[PDB]
Amino acid sequence: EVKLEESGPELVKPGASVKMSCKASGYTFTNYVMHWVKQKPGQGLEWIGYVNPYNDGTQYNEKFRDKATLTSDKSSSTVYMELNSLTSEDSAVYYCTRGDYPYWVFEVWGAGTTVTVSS
Amino acid sequence: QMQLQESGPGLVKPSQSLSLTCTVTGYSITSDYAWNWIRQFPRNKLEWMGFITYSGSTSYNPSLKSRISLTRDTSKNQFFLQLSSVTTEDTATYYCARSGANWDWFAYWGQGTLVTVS
Amino acid sequence: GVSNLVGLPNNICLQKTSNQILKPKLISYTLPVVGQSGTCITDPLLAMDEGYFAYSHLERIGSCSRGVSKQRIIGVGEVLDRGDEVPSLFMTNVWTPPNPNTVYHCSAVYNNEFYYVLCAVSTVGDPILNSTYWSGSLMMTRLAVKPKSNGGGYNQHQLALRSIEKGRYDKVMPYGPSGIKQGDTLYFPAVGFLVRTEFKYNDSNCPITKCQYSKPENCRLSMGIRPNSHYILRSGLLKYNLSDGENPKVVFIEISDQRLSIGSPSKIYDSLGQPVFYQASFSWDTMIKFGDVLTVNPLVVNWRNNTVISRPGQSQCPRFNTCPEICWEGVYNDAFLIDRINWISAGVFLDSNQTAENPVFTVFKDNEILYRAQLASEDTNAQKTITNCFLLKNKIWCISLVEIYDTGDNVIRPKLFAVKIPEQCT
Amino acid sequence: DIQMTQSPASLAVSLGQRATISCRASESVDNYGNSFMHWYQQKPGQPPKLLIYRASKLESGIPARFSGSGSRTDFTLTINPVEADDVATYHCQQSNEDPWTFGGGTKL
Amino acid sequence: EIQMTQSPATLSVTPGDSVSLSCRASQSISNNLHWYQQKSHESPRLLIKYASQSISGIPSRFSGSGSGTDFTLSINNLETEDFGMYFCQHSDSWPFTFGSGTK
Amino acid sequence: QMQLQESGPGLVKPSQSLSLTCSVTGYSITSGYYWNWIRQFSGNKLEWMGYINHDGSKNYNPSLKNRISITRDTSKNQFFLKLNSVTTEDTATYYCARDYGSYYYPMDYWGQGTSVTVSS
Amino acid sequence: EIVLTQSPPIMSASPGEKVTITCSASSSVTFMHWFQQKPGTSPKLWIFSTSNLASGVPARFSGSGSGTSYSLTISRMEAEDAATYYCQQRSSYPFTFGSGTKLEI
Ligand SMILES: *[C@@H]1O[C@H](CO)[C@@H](O)[C@H](O)[C@H]1NC(C)=O
Ligand SMILES: *[C@@H]1O[C@H](CO)[C@@H](O)[C@H](O)[C@H]1NC(C)=O
Ligand SMILES: *[C@@H]1O[C@H](CO)[C@@H](O)[C@H](O)[C@H]1NC(C)=O
Ligand SMILES: *[C@@H]1O[C@H](CO)[C@@H](O)[C@H](O)[C@H]1NC(C)=O
Ligand SMILES: *[C@@H]1O[C@H](CO)[C@@H](O)[C@H](O)[C@H]1NC(C)=O
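Residue numbers (the entry's author numbering), protein chains in the order written: chain H, 1 to 52, 52A, 53 to 82, 82A to 82C, 83 to 100, 100A to 100B, 101 to 113; chain A, 1 to 31, 31A, 32 to 82, 82A to 82C, 83 to 100, 100A to 100B, 101 to 112; chain G, 177 to 602; chain B, 1 to 30, 30A to 30D, 31 to 104; chain L, 1 to 103; chain C, 1 to 31, 31A, 32 to 82, 82A to 82C, 83 to 100, 100A to 100C, 101 to 113; chain D, 1 to 30, 32 to 106.
Don't take every hint at face value.
Simulated crosslink set (DSS-like; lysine-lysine; CA at most 25 Å straight-line) [claimed, not checked]:
id : chain 1 : residue 1 : chain 2 : residue 2
1  : G       : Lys199    : G       : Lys591
2  : H       : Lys40     : H       : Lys19
3  : H       : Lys40     : L       : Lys39
4  : G       : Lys425    : D       : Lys45
5  : H       : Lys62     : H       : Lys13
6  : G       : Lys324    : H       : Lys73
7  : H       : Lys3      : H       : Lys73
8  : D       : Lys39     : C       : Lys13
9  : H       : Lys3      : H       : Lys19
10 : A       : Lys13     : B       : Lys103
11 : H       : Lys40     : L       : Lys103
12 : H       : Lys3      : H       : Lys40
13 : A       : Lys44     : B       : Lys39
14 : G       : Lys357    : G       : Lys571
15 : G       : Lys201    : G       : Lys571
16 : G       : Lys376    : C       : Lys81
17 : H       : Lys62     : H       : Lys3
18 : G       : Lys376    : C       : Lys64
19 : D       : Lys39     : C       : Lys57
20 : G       : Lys192    : H       : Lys23
21 : H       : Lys23     : L       : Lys103
22 : H       : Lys19     : L       : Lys103
23 : C       : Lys57     : D       : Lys45
24 : C       : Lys75     : C       : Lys44
25 : D       : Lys39     : D       : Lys103
26 : G       : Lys425    : G       : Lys357
27 : C       : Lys57     : D       : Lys103
28 : B       : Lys39     : B       : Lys103
29 : G       : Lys192    : H       : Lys3
30 : B       : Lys103    : A       : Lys44
I should point out that these hints are in silico values taken from the structure, not numbers from a laboratory.
Based on the provided sequences and hints, a complete structural model is requested.
Here is the structure:
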């Protein structure tokens, strides 16, 4: 079964940096890209950006280009997201999705890991 | 009907120009098929020397390629054969023919004109 | 409605599947004439750009090799929807050279509603195998993809060549099917005949490590069609700046020295907003040589590290051969890139070890073939394949010309296959 | 250049008898299952007339007694029967390779 | 980027009814938008790919339609398991944007 | 665009070596054309002195093969004609040119030439 | 040394009339370039190969010929065409030239 598992909910002070993990199991990890999508509580979804693990090729949103970086490793078949200097408007849940039918349809979704940026 | 009829001088000087003309009646030259110029030696040995297609392309005999030139005339609906440096053995009965439906056989032939080099 | 290949890949299959998900269709640029046979079509040329195409062929009567040349056809036209969401070539402008035996190795480029075909005039034969006596003459034909009713020189024009810049090379000749445009500049694929004595090669540079049967000079004597050949063939581009002046210079841009093989039929095509260069493998290295173009001038090509697609050779240089041995043999099986994210490309490749037969349309990654479809029987002989992919009504369609000489035909002609990159991966 | 030799050069046949002419091609004129051999009849004082095209097919209006057969190197032309209209010269022409060399002549 | 506007923002459906949700685009997207459904405290799940195609594991009531600018998601014989948030995401321009949301 | 400029002694004593230097501006000798010397006498008759190729291969007129030397200098980007023995029949204008040899497109660009006079 | 010769050594042409200049070769040559030279001016390539006009040459010029005989043809000569035309062979070394000037009237 294609299962994406997100690192458990964070608790981050403002001005710090946070790294979330998402592990992919049940399939060849270096054949489909992996997207990261933001959702504020009570608001709509925002696509942050994707990483291709076959060649480590990343592409970000314009609003999230200087805010997030996306890495991946095929040794553990895992994707990583690092956010730096988070304003307190980043208390939100993050989803790791699998791009299928090319790479822009998010069929398989992760559990969703939530981070809260407050003092 | 396409009666091809040849013409031109029947007596040419050696090491000169051999100009021959074929007129096609009843058909258009620049419509389809290929128009061949074929010579027959006095020993009844026929030889193919070239054709000109409907689009203006010319294919020549490799052994005559330096001397032979086939040209066309759309307005008069004729086609001309030119042979440079005609020698003594080039005396022959010349025919102009239409290539057939598959272009490798000569369906109708002209009456032919005898050219003597003397 | 045919446009160039741009944008993101949407609604296709780009995963490895063993199912028969590819459905090729037998398209034709013209209807076959009934009750006609006994002619052979050689040296085909198919080039595609912005919904327009050009074709060129030498139709001979009799033998395929040394029969009588019936005609040479260079014709451009529009690539339109044929009625059932399938693209077929539609010829509009046709031209025939008056001397079909002297025209060799045409090379076709689109730029601004005209199509520039650059060929080589040669009264000595094919300018590759008896290049020492070749004059070096070329020809440029401008064919309008939209021909007006009374245009005169607009429909068919012969641009005179007067200024040839070629540098150190003794002669140059266009040596491939299709090139690109960059603004007003035409980049034809081409080759340059250099003399062998001034060919600068480090004999310790070519990799001879993995094979115990290769002397380390074979990489240099394999750079010509003979070990003792006068000329070596260096591939590259020929540049024609149409705003250079009254008589533009035609400038030879040599290929980069990295992964240097012999000059073979090459092709540069603008895929997904960037040029991709494919050089054929007419040499010891039989893996497919194609890759991104880092710079057009000078020609630097980031070659793909492809391990799964190769070409059928002959004896002493088979398929999947990597050791440097002296051979000038091979086939032109091009690949058109359809996805720049994973570098997935589609093309027709022949699937036999020593024999040029079994054309299979293969969509493949760098080191994995995704899915393939047989265009004919397993023992059907095919020689040279030209694939061009595009977007028709937001669907990726690849039109491929294959030199299929299937048994039982009374006429020999390349077959045209429209293969849609399939929407659903099941 | 395929050298073409047809035999016999001097052939005389009585009326109502089968006439046989055998043409030798120095190379092969069959390439993709197509036989590029043609038989022409040339009456004296007249241009040659196409009798048989592609070595097995009869021209329109030509009587069916003229029958061409054979393949590869060797071809044959058979007349069954003859009459007082076959006094002509018969040529076998190849068209597989350049040039399209004709044959010699048959005096019949 | 292209803004996906979902209409109406909130909806009230008695079970057993048929409901249509509209997704509008600022630019013209060819056929590339996808319909997702997300329940309370759940990750979104895919319903419709490329505005017309249905994926496995989904009931056939969720039907997509439309091309260009206006797109429609139609649900027939609706039951209590269809209540939640619905999104449309385009996939032709590079900044993939989700819609505002529909109840 | 490039220019070729010939320089050398205009007056040369008989039976003395004659030297000309043709300087090239705007192009490279080692990557390019065939660089020739051509001599045109007092009567309007040109005679091809010889060439040096871009690789360094040197070709001479067989009527002059015992006296002519066409060497080159890449760092100064210029090439020299040296005549070992000069008689009164060498009073002529000398041109340095570039072309492509027996190529179909020679593109002969010629320098303006210098009139070398041989007398006493 | 293939020895070329141009048949009218001092051809005279009144302006506007059709004029033809012929170069004859001692043996067979594939090419015959034509150079134009004015007094006080280095020769310039005018017709390269056999019939190919060079860069900047007016369209009134037309080359022709084959084997050992080649021709330079001007359909309508103007006042600017009073020069000296030479034929050069490049088939076999050495390269050889000719002579032959033009007149205004
Ligand atoms: C190459 O072409 C020239 C053209 O004249 C010919 O003389 C020569 O024999 C040819 N060489 C071959 C076919 O090997
Ligand atoms: C050829 O390559 C070898 C590799 O070590 C190098 O030592 C040698 O100098 C090279 N020869 C040249 C650059 O002429
Ligand atoms: C073509 O020529 C124009 C002007 O002559 C120049 O601006 C342009 O850069 C040229 N294109 C090239 C060198 O690719
Ligand atoms: C191919 O591999 C070489 C090293 O073997 C590397 O330098 C090059 O970047 C690779 N090219 C691509 C397109 O991956
Ligand atoms: C030759 O064909 C066999 C199977 O028929 C294949 O396994 C082998 O790899 C081929 N040879 C090479 C050198 O790839």
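Tested hints:
no.: 1; hint: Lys199/G / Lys591/G; in the structure: 15 Å, holds
no.: 2; hint: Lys40/H / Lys19/H; in the structure: 18 Å, holds
no.: 3; hint: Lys40/H / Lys39/L; in the structure: 15 Å, holds
no.: 4; hint: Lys425/G / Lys45/D; in the structure: 18 Å, holds
no.: 5; hint: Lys62/H / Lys13/H; in the structure: 21 Å, holds
no.: 6; hint: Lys324/G / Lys73/H; in the structure: 59 Å, violated
no.: 7; hint: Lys3/H / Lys73/H; in the structure: 16 Å, holds
no.: 8; hint: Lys39/D / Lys13/C; in the structure: 29 Å, violated
no.: 9; hint: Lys3/H / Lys19/H; in the structure: 20 Å, holds
no.: 10; hint: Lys13/A / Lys103/B; in the structure: 32 Å, violated
no.: 11; hint: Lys40/H / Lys103/L; in the structure: 17 Å, holds
no.: 12; hint: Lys3/H / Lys40/H; in the structure: 23 Å, holds
no.: 13; hint: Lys44/A / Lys39/B; in the structure: 14 Å, holds
no.: 14; hint: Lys357/G / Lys571/G; in the structure: 24 Å, holds
no.: 15; hint: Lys201/G / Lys571/G; in the structure: 15 Å, holds
no.: 16; hint: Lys376/G / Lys81/C; in the structure: 30 Å, violated
no.: 17; hint: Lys62/H / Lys3/H; in the structure: 28 Å, violated
no.: 18; hint: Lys376/G / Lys64/C; in the structure: 30 Å, violated
no.: 19; hint: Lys39/D / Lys57/C; in the structure: 30 Å, violated
no.: 20; hint: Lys192/G / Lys23/H; in the structure: 22 Å, holds
no.: 21; hint: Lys23/H / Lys103/L; in the structure: 32 Å, violated
no.: 22; hint: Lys19/H / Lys103/L; in the structure: 33 Å, violated
no.: 23; hint: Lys57/C / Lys45/D; in the structure: 24 Å, holds
no.: 24; hint: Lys75/C / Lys44/C; in the structure: 31 Å, violated
no.: 25; hint: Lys39/D / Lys103/D; in the structure: 10 Å, holds
no.: 26; hint: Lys425/G / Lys357/G; in the structure: 16 Å, holds
no.: 27; hint: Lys57/C / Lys103/D; in the structure: 36 Å, violated
no.: 28; hint: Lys39/B / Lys103/B; in the structure: 10 Å, holds
no.: 29; hint: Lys192/G / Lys3/H; in the structure: 20 Å, holds
no.: 30; hint: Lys103/B / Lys44/A; in the structure: 12 Å, holds
In the structure shown, a violation is registered for the earlier hints numbered 6, 8, 10, 16, 17, 18, 19, 21, 22, 24, 27, in ascending order.
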